[PDB]
Structure formats: C-alpha cells, structure tokens
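Assemble the whole structure, with the sequences as input and the hints as a guide.
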Amino acid sequence: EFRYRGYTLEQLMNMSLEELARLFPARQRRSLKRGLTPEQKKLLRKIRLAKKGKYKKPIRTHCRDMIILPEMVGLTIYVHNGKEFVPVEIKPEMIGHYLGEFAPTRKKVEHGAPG
Amino acid sequence: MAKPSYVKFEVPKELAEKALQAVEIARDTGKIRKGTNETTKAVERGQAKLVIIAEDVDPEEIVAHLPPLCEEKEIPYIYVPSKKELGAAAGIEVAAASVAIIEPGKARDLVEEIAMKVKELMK
Amino acid sequence: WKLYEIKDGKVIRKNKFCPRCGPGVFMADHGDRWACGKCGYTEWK
Amino acid sequence: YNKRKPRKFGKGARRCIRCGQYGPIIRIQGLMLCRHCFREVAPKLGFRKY
RNA sequence: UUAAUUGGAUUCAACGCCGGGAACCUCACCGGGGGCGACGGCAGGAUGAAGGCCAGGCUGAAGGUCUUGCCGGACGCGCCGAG
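Chains as they are written, first to last, in the authors' numbering: chain BU, 5 to 119; chain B5, 1 to 123; chain BX, 5 to 49; chain BQ, 6 to 55.
Misleading hints may appear alongside valid ones.
Unchecked claim - Some chain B5 residues judged to face chain BX by a derived CB distance under 8 Å, without partners named:
| hint | residue |
| --- | --- |
| 1 | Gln21 |
| 2 | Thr36 |
| 3 | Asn37 |
| 4 | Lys41 |
| 5 | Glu44 |
| 6 | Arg45 |
| 7 | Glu60 |
| 8 | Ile62 |
| 9 | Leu69 |
| 10 | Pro81 |
| 11 | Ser82 |
Stated by the list, open to error - Straight-line Cα separation of at most 25 Å, DMTMM-like style, residue types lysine to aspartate or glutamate; simulated pairs:
| hint | chain 1 | residue 1 | chain 2 | residue 2 |
| --- | --- | --- | --- | --- |
| 12 | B5 | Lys41 | BX | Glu9 |
| 13 | BU | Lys50 | BX | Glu9 |
| 14 | BX | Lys18 | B5 | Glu74 |
| 15 | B5 | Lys3 | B5 | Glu60 |
| 16 | BX | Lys18 | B5 | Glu120 |
Stated by the list, open to error - Not close to chain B5: a few residues of chain BX, all C-beta gaps over 10 Å, as computed:
| hint | residue |
| --- | --- |
| 17 | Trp5 |
| 18 | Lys14 |
| 19 | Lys20 |
| 20 | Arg24 |
| 21 | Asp33 |
| 22 | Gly35 |
| 23 | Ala39 |
| 24 | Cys40 |
| 25 | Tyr45 |
Simulated from the structure, these hints should not be mistaken for lab results.
Think of the CB as a built atom: it goes at the ideal place given N, C-alpha and C, for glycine as much as any other residue.
Next up, the structure:
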C-alpha cells in the first residue's frame, strides 16, 4: 500500500486543501498558501473535468511549477520542457513534488573524442 | 417605366433636387446614415428625421420595408430617382440605396420644407 | 435589413434587442440563450 | 498580447535612458543611466576629478 | 554534448572580462503559436471591420483558430515601390 504522513491516497483525497498542504513541504505548502495563477486554476479545472469525463482531450500543459495533488493521481498529462510536451502519468507516489521535475530539459551529456 | 410597388406618391424633379441638397448639407454640417440596415435601425431608434430612398434600386426588398415602417413611426420619407445620385450626395463611391438623416444641420430649413412637401405628397 | 421582416403593418425582428444599449442592437439567437456579442452579456432562455 | 509584461523588479525593470542597454544601470538618487553612458555625461553633471 | 549552454574576447594586450547581479525578462540560442506591411500606386468601399463577444472542438493557453449568433459604426484586406 501507499503511505504519506499516515494517510493513503483516498484518505488524502477526502480532506480539504488546508491540512493537505500542512502535509506538504515548506516550498509547496507556502506556494499553495499564496494562491494559484490564472493558468494553474484553468489547468486544474481542465483536469477535474477530464477526471469527471467531460474533458476528453489529451491534455497538454506547460506549468512546470505545478505541485502535484492526490486528486491528480491516475491520469496522464503532457508537460512542456521547451521543445515538446513529454507524457507523464500520475501515480499515488507523486504527491508533494513539482511537475517540472519530471521533464528532461537537458538531454544526456556524453563525451566524444577531444579536439 | 412603371414606378415600383413600394412607391406611394410621385416626387417632382425639383423636390428630388431639394432632397439631394438636404442630403449634401446634412453630410457637410450634420449626420446621415448610409446604408439601409442603419436607416432601419434609426427609424426603429427614432433618430431618423427624414428617409431618402432611391427609385432605381434593383432589389425591391431592401427598400420595400421603408415606406410602411416609416409611416408606422411617423418619420417622413422622400424619393430620389437614382441611387448613384444618393451615393454621390452621401460622399461615398459606392451607391447608397437609402439615407436617413439624423441631424439636418443647416438643411433643417430645407428638410422642414421638404417634410412639408412630403406631407402634401401623401394627401 | 435581412433581420427585419414586415407582416400586416408591423416590423418583426429576427434577433432580440439587447436592453443595455437600447434598440437597434441585434444579439445572438443561440437557441439555448440570448447572448450579446458586444460585451458577453448572456440571458439564458 | 503584443505588450511586454510590466516588471517593477530585476534587471529588466531598468533600461537606461540614453543607450537603452538592459545591464549596468546606476540609480544613485535615480540617475537611471548606463555605466558606459556616464563618461560622456559626468563632466557636464558637475562631477569633478580629484 | 545538447534545442541551448548565444556570441564576443587570444600570450604580454582573453578567461571573478562584456554580465557593473540569467527562475518570465535578461536573449543575442532552441521549440511552438499569434499579429499587424506604415505612406503611396493597383484593387475593395456604406455591399457594412479591420475591434471585441459568450457554449465549446484545436490551442500549454487566448474570439488566436473554427461551428455557433451578432454589433460598434466606420475606411480598411491584399500585390509592387517603400516600409
């Protein structure tokens, strides 16, 4: 099973955002306290509608600093790293970390022969 | 050349010339509404004080509604023989089939006269 | 002019009159709602 | 859409009066001038070398 | 090496230099999208925008795009010179 601060996925789901943020780190809880931008709220509306089934579009996004919430668990979204919208899937274990951590913005750096 | 169906009275030539003069003077120092949907809006809005309509309008529908609507709203109307003349008096290259005056400006003395000469045309 | 019909002496308007700006304001006939294209004011049917 | 976002903060909040460079801008009492621009304007500004 | 580590700077006289402050910006690099060619000639013109307008499918996304339904009353699409 999955555990986070003593609460599972649904145990996290049933509660409002206040204690749900109290379970989050300072960098996440404080940012949630200071509110979400107009495009974060729009994307949240999009994903809530998609989970309901209204928004059937494959959802792409660019908000890299979007903090994953338990409500977003079980959905696939495409996040922008600068070139393309790389696909990611949200499992219960994604809670408490930003979305922009999950897209390689720099490709792998390997080494060829020196000049 | 039979007059179209929406005609209710015969406008003499001098009266048509005076109507075109009023249109020109209202264009200079007043306000006119070029186009017929704008004329219809003015008559509905009540801002139209005199509706000048061309006689040689190939589509009848555009000018068909003007006489009964104007008579309903008690806004006088007059005719001019050529839509080209109405457009030239309207200061626009394309032809204006109907022009409703809002502020006669210095044409009021003509318009009030023309309205008088309109009032005798329906009798 | 196309939105203006005439029957038996009265003028019928295809679209309704938006009450904010008075007469002469045709506004959306969407079937489900009467929406105004000038400011987004929507009176649902 | 065709307007740059307002910026009260950071380097982008300051664009020099004369040369318009976005980098070094001294604002001591609000000169609002670039560093490279200060050489042509200092002596007329009453500055004196000592 | 990358999409990008923008580029410049070559020993003295390049390398805590431009940067005397890169999370948007900085951007001069990359991916993607939107928008106007001023002023003229040719052309349309009031025959009705080019500005915005909801519900939405494409749009990261926005009447940008399109089905939808429309006004605001007026000069503004576009090719060449020239911007």
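Now for the hints, and whether the structure bears them out:
1. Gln21: violated (26 Å)
2. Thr36: The hint holds - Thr36 (chain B5) has a Cβ within 8 Å of chain BX, the shortest such distance being about 5 Å.
3. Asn37: holds (5 Å)
4. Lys41: This interface hint holds because 4 Å falls under the 8 Å limit.
5. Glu44: Result: holds, 5 Å to nearest chain BX Cβ.
6. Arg45: This hint holds: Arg45 (chain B5) lies near chain BX, its Cβ roughly 5 Å from the closest one there, short of 8 Å.
7. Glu60: Since chain BX brings no Cβ nearer than about 12 Å to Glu60 (chain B5), farther than 8 Å, the hint is violated.
8. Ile62: At 5 Å from the nearest chain BX Cβ, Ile62 (chain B5) passes the 8 Å test, so the hint holds.
9. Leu69: holds (5 Å)
10. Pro81: Violated, because the Cβ-Cβ distance from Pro81 (chain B5) to chain BX comes to roughly 21 Å (cut-off 8 Å).
11. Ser82: violated (20 Å)
12. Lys41 (chain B5) <-> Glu9 (chain BX): holds (13 Å)
13. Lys50 (chain BU) <-> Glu9 (chain BX): Outside the cut-off at roughly 44 Å; violated.
14. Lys18 (chain BX) <-> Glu74 (chain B5): holds (23 Å)
15. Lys3 (chain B5) <-> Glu60 (chain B5): holds (11 Å)
16. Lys18 (chain BX) <-> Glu120 (chain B5): violated (35 Å)
17. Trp5: violated (5 Å)
18. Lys14: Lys14 (chain BX) not clear of chain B5: closest Cβ-Cβ about 7 Å, inside 10 Å.
19. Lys20: holds (13 Å)
20. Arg24: Check passes; 14 Å lies beyond 10 Å.
21. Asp33: At roughly 17 Å from the nearest Cβ of chain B5, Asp33 (chain BX) sits farther out than 10 Å, so the non-interface label holds.
22. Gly35: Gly35 (chain BX) is indeed farther than 10 Å from all Cβ atoms of chain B5, at 23 Å.
23. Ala39: For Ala39 (chain BX), whose nearest Cβ neighbour in chain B5 is about 20 Å away, the distance exceeds 10 Å, so it holds.
24. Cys40: Its Cβ never comes within 10 Å of chain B5, the nearest being 16 Å, so this holds.
25. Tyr45: holds (19 Å)
Figure legend: structure checked against the earlier numbered hints; hints not met, in rising order: 1, 7, 10, 11, 13, 16, 17 and 18.
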